[PDB]
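Chemist: Using the sequences provided together with the hints, build the complete structure.
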Amino acid sequence: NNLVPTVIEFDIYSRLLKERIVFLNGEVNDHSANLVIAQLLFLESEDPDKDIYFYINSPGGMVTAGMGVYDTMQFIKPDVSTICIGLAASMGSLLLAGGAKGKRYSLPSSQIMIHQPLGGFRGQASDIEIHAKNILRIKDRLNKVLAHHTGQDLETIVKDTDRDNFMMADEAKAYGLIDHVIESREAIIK
Amino acid sequence: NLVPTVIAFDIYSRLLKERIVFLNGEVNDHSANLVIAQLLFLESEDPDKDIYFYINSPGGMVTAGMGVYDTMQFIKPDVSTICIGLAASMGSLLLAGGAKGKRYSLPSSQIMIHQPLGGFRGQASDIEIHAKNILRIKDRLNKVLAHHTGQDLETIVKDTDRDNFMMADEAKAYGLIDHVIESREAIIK
Amino acid sequence: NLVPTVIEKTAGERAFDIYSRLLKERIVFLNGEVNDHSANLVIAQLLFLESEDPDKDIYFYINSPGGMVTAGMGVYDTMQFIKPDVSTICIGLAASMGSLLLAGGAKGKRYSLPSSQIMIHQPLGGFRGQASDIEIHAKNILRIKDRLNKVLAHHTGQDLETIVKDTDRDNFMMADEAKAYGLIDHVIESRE
Amino acid sequence: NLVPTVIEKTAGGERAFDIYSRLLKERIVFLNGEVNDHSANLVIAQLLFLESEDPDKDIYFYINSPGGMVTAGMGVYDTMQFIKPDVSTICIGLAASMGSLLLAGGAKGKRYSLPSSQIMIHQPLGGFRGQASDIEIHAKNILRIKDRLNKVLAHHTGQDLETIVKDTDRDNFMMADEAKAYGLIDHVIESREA
Amino acid sequence: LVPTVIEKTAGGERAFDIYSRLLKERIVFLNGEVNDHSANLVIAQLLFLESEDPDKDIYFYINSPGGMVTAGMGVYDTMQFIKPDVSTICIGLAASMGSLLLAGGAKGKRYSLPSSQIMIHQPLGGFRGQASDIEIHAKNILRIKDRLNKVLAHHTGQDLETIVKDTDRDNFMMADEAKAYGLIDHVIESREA
Amino acid sequence: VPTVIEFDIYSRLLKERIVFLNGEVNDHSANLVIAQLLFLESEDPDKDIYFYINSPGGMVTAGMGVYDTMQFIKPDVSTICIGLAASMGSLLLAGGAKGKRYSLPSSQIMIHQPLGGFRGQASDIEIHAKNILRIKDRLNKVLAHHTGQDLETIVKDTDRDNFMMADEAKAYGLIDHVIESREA
Amino acid sequence: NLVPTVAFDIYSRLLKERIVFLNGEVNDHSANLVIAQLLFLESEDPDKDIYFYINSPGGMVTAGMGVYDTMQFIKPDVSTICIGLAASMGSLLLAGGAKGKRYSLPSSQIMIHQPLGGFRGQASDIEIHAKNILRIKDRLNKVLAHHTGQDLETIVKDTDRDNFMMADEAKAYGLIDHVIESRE
Amino acid sequence: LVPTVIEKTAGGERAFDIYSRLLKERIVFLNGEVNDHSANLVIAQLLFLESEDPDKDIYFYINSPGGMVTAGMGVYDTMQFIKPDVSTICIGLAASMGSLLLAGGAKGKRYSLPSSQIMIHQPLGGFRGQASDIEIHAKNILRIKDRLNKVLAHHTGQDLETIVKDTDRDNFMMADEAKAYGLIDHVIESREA
Amino acid sequence: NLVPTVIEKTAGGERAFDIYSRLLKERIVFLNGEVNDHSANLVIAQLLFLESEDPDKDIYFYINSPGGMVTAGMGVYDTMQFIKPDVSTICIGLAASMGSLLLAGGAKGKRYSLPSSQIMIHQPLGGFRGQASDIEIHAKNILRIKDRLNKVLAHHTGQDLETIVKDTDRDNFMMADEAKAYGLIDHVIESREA
Amino acid sequence: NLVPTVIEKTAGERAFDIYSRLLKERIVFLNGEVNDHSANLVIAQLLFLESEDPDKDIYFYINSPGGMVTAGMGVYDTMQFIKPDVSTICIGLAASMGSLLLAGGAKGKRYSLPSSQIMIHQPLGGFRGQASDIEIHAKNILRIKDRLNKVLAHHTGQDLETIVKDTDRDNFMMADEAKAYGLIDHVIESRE
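Going down the list, the sequences are from chains C, E, F, G, A, D, B, A', G' and F'. A prime marks a further copy of an entry chain.
What the first sequence shows, in PDB author numbering, is residues 4 to 12, 21 to 201, in sequence order.
What the second sequence shows, in PDB author numbering, is residues 5 to 11, 20 to 201, in sequence order.
What the third sequence shows, in PDB author numbering, is residues 5 to 15, 17 to 197, in sequence order.
Under PDB author numbering, the first residue of the fourth sequence carries the number 5, and numbering increases by one thereafter.
Under PDB author numbering, the first residue of the fifth sequence carries the number 6, and numbering increases by one thereafter.
What the sixth sequence shows, in PDB author numbering, is residues 7 to 12, 21 to 198, in sequence order.
What the seventh sequence shows, in PDB author numbering, is residues 5 to 10, 20 to 197, in sequence order.
Under PDB author numbering, the first residue of the eighth sequence carries the number 6, and numbering increases by one thereafter.
Under PDB author numbering, the first residue of the ninth sequence carries the number 5, and numbering increases by one thereafter.
What the tenth sequence shows, in PDB author numbering, is residues 5 to 15, 17 to 197, in sequence order.
The hints are simulated quantities; they were obtained by calculation from the structure and are not laboratory data.
Any given hint could turn out to be false.
[What the hints assert, rightly or not] DSBU-like mimics (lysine-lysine), calculated; alpha carbons at most 30 Å apart, straight line:
id	chain 1	residue 1	chain 2	residue 2
1	G'	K88	F'	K184
2	D	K29	D	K88
3	F	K29	E	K61
4	B	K114	B	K155
5	E	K201	F	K112
6	F	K144	B	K155
7	G'	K61	A'	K61
8	G	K88	F	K29
9	C	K114	C	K155
10	E	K144	E	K61
11	G	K184	G	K170
12	B	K88	A'	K114
13	C	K184	C	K170
14	A'	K144	G	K170
15	G'	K61	F'	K114
16	A	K112	G	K61
17	G'	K29	G'	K144
Modeler: See below:
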């Protein structure tokens, strides 16, 4: 049943954080993004050379909040290895893709989905225009980010994200969003 | 709630016999279409007599309203317009769009002009499509007001960037109307 | 209970509701809130009655708390524009735009029944947005405020400043007090 | 193409001749339910209509009302005093607050109640929220109204003012005989034949 | 939707709603709740019928759970006031004020169809506020209760004591029971009996 | 939740390598199971983990994360159904350690095809249909692998809701054993 | 997903290393909490820098100006770091950090605009409130000009409508002093 | 979530919420609306601090739009009652009852930071019921209005007449203006000035 | 593992020591806001607790309340009279209805108000809907309560009964000095030092 | 305001809320509505206090309008089942199931404070469905009605018929009246 259980001398998430495991789970918003960031900054101050394991199951959500996690992943000293444990959709896929070169995983049955930004505004034509312009920049920037981490040319990322584009894990490996798909801990690496 | 009855006509139908049509309240598909139909009827009854289109509207839907504007231009009759309260947004465009020399207001009317309002949510590609579209609509509304007012296009853009309220006398000075009328007996005309 | 009907025998039959029937006697009512619908329906009756007879008085019975200033000011202007004198008669309340309409009736022909309540006030408004737009709408309502005070000054004979002072807060008046102020001409208790 | 008869109009504009229209021919007018701007204005229109039809024939104003808006109701009271015809009032269920005012406002000696009616008098009710300045403005105003309505009831009942004040401080329910004794009505009536 | 019937007034021709057509035979319905709207409509019909002819019987068909006491007592008092005898007929339910109206019809002319439900009870009310005002309203509802019991006693022929006891809680009666009790005079099953 | 300060009841039972999925499968309930499994792994990578299930299913992606973690980690994850295992709940029960998929006698087990829903342009409708069909295919294939049954059988047998009692779920290969008492 | 322990909760641990977050809306609650933290850090050591991490779409001006003032009042330099969004009062607080110590991550969105407000009532009172918000609009513009080095008339022009800047644009404009891609 | 701070009571060790930690330095906050909950919490802190030491200054930080007059007047009266001087500091907004609280701090020890908004007004209220009861409540709010004006006059040094005029409608002041008016004694920008 | 200090507990069971807990050490108890079963029972528990800690030391019961449920509140009143310790009462904002009853219920000579407090007395409020029988039952009951609360206020204020009845018929607001003159409190107090 | 805490100094520190602290003095409260949650929590305290000491009295303070009869009757039975005497003390209201609980305290050890209100009544219920099921639930509540009347008869000493007559409608009693009826044993005003 549903609440965080506890351990001897800590909730479970606190116990796993001790092994440098961080979870993004569910929607990306100011609350969820800030918490991952507090956690990355904290692990970095505990040991700036040890790898961090960022486990992702998210449908995405707010771009400004998520791009904070993304930026923080790149900025801090440790490598941030990503692993998709369910869904990595939208901002969630971007964060997966954004993990350290060579160190992005997915479990076999996970789902990866990539798309263009959703937004929305209501008001004067002048302000609508302001807001549309801005979303078009962010669209370009996020495609540039995916082109960098994937290996794809920009125009390929653009065409492939015009609509929701869903991928299985192997397809996600093949496309460059992740590096390995892993199935058993004892198995050999690839 | 209750429209008075006269002779067997409802009061609006009886005034329609004197070629008077009202826009009252919001512009929407219902209220626009009722004006359009009355205008087509009045033309049908006599394509040469003037039609008197009394406006008291805060505006509303642009597509609905431009149908009325076009219908006023399309029909043979001259459509005199008369502000009896408020002519804002699509309201002021319809008022300004009446026949050369035959756009009136009563003294106490408020007239307000502005740029279009809109709203879209979805993908960035579609936001771009809708934004381009409302910008075209903004520019054309502006040209429509420059035409009827005799103001420069830059001047209209600038004076519609934010809500711009005018009293009757100011709306005349600006070219939105031709005359402020206080009394039926008094001149000119 | 809803408005009844009168049958008129013709050369068959004709039906009118009571208000339609009174309109034939040149009686027009404003009852309840002033909005686009109510104001416009008064305006139509007024234009109708002018068309039927440009020279005979109209009797415009008022029981209203006021409402929307632009709608009300159409009625006020229509009242001055048309040829007939519009005599005004307060039959319960005339507050806010209701008291402006009462006051704008024809000279000498502004009436209240004895127990009516008459109230005058400055306008009410509301806007939310950018400080730029707030300023625009604040300027506007202040210009409206001034115009309505000028209307009342004109019909009452009071100095504009007196109007300003006396409408700064709600100012309730009895009929005799409204007469003394110049908001109406006569308090009437009985038809003879 | 004669006008259809119905028991009751669904809408004000309906081109049909209803029971109320039928009885308005007999100079009968109803106030039924709450006094509000709608109900009060309908009474007024019908009273002015009846007066135009015949200024020297009685009008029968049948009242079943819990009261409501004092300004709306005082337009009815006023109109009843202003028109030439006598306005007889009859309570047929409830005459409370502005309802009882209207009933006691009838023509001298022509104020009636059916035997089982409830008549209640009281002081006015109001409500205001805002600044203290404005609260004082509204309180002063309701006090003048209270006093004016008390003077009206004193006038028509023959009670002196200080009795009306005392007896309206709280809701005061009266049976028909009591209302007659108090001077709110003139006659309690049980059948047409007596 | 209410059906229409067209009659040749000669004239030539007038439409009636089905209800106005039946009004021509001096039939009047109370159907549903007693409230200011329903009560007044009935009282208007009664006054109208009396103006049409003050001596002919009126047939007042009742199917009502009751409702407001002041509204319904207007109806009761108008029944007694007008010249015509008001026959009452229960055609489904006559409960609370409904049953008071049924029982107040003209002596010897109170009917029910055989399957109707007649129920009598004490009044319901309620009030909130100061203790002083609670008292005023309580005293008033006790006066109402007593007057209604006295009316039922008068029309049933029961003692006031018996009415009081039998109305303390909801008391449901079949038509034949109501007749025995004095709330109606006949149960009728068929027009030609 | 019964409560000593310095364990709750679940914490104590976690100390016996007992984990629960109780109620709907969603991002919250799936993730907490994943966290517990990974913790249990770090504490002893050979001792069995007892995964009690009582669930109508829920979000596929969340649950298929739990499925995958169950396969990935060292120790055997034994599954025990303790009331209901429907939809994603039966998938998780059927995914337990071979030889170690259990049910109490009275449980209900249900398998079906995936539910979803979508609103939008035809193009997007097509995209989403195309994807749920792949997911359908993939879950049938998982059921097929874990029960021994032919893909074909699974496809016919999950077309509409298929309810099984414990004995039927064993016979079908969604569980390995029905257990009634401790002493067996 | 709730706040992990490390005994502290993770924010409290970061507070001990002189790190403060404003995350989400500025209102009385969130602003006061920042004020309390700043006062506490100053008390602990009045000479050490404080690191104020911001991700906010702004909110209540008066609550926000309390934070601004406190940042200027206390002895420590308050370095500001935008870590997702800094809009309206957000950008004001970012821009109000210590000279030379205002940062953003590379992908942050920074947005400046005039104040939002509103009022309903008597004309006299609409006027009072309108004049009030015009003072607040002028004060904020003066504050932005002071910290950015722009002329007041430039600030006024550029905040008439929402003005979204990328982190490099924000730096050239003077709302921050550095964009930091990496180090610690 | 409220951050925690751990201090070595020696002891050995106790956790404080950030607010209880600042309470150790005799700092107390009113943040948001004045209501029974917020007022009472403040009054508890004040009484607590006075028990800890009756001579040391207390630092009462205010960021409030006001709210209930009875609740806030408890706070005011407790400020004046207790032995310690209650320094007041405006840290965003002090409106309505907020500004009364700010102005009632110890003489010479009322502060604002430079960007705060101080607003003074007359009381708000409302009531519905009988005319008699409307009168009672009106008289009572006029007494309240007068007493609050007299308090502001006392602490500002303004005439009662001036207070009355300047509170008739919302009156917004910048910090430096409030100081000039007598509602605070100093505007402070920096700790070391 | 010492107990954390907070300003205020988020929940009843929170293992933290708050400002109210701190002051309860000093024998201070608050009634803040509405009198209901929750708030009244908390006062009672704290009074019984304080009495168990020391039956011969004063308790300081600080009151800011608009009143509320009379039965809940009369349990507080009773408990205050039943326990051995003197219960001093202090008004710190509002003492209205059951709130003023509790304040005037304090120990002889130990009833206080801060200077700006509002004290209001009135008659009880109730409400019932149902059969006339049951309405009469509830009305009779509220009348007995009205009379009992009037006798309590007579006792503690020294006013005779007929004065309490007269002065509570409608809401009666009193400033602190007035409440002291009326005998609802003993002392108005402006600062600790006087 | 929420329940405060007491710190107990140990050999470090321990925290109790006030109710936990009073439970140590064998005081249990029923406050507000009787439902599954409230009744059960009383039952647990009662079983707890028996386990701590099977021989020392418990003090069960009652301020309740009643509520759910099945939940309440668990508390009543638990009261009789356990070894300790459960003394009952009415501290505001004891109505309906609240008055049953008060009345079921141990012989001689049923108390009210002087201003308490005690009310007794027949049960309330409600069902909608088929006439068959209506009948089943009507039979049931009548059997419940009878059982509760028998409980009150037993603890009061009144004849069952008197209980029946006196609960047919709500019957409000003052403390002295409740004592005279046998619903409690003593009205207490002061501890000595």
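Chemist: Is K144/A' within 30 Å of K170/G, Cα to Cα?
Modeler: holds, 21 Å
Chemist: Are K88/G' and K184/F' close enough, with their CA atoms no more than 30 Å apart?
Modeler: holds, 24 Å
Chemist: Is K144/F close enough to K155/B, meaning Cα to Cα at most 30 Å?
Modeler: With Cα atoms ~24 Å apart, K144/F and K155/B stay inside 30 Å; holds.
Chemist: Given the proposed pairing of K61/G' with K114/F', does the C-alpha separation stay at or below 30 Å?
Modeler: holds, 28 Å
Chemist: Can you confirm whether the C-alpha distance between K201/E and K112/F stays at or below 30 Å?
Modeler: holds, 26 Å
Chemist: Between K114/C and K155/C, is the straight-line Cα distance small enough, at 30 Å or below?
Modeler: With Cα atoms ~20 Å apart, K114/C and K155/C stay inside 30 Å; holds.
Chemist: Verify the proposed pairing of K184/G with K170/G, using a straight-line Cα cut of 30 Å.
Modeler: Satisfied, since the Cα-Cα distance of roughly 18 Å is no more than 30 Å.
Chemist: Are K184/C and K170/C close enough, with their CA atoms no more than 30 Å apart?
Modeler: Between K184/C and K170/C the Cα gap is close to 18 Å, so the pair holds against 30 Å.
Chemist: With the threshold set at 30 Å, check whether the alpha-carbon distance from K88/G to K29/F stays at or below it.
Modeler: Answer holds: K88/G to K29/F is near 20 Å, not above 30 Å.
Chemist: Under the criterion that the straight-line Cα-Cα distance not exceed 30 Å, is the pair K88/B, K114/A' satisfied?
Modeler: holds, 21 Å
Chemist: Between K29/G' and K144/G', is the straight-line Cα distance small enough, at 30 Å or below?
Modeler: violated, 44 Å
Chemist: Please verify whether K112/A and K61/G have alpha carbons no more than 30 Å apart.
Modeler: violated, 36 Å
The structure fails to meet hints 10, 16, 17 from the earlier list, while all remaining hints are met.
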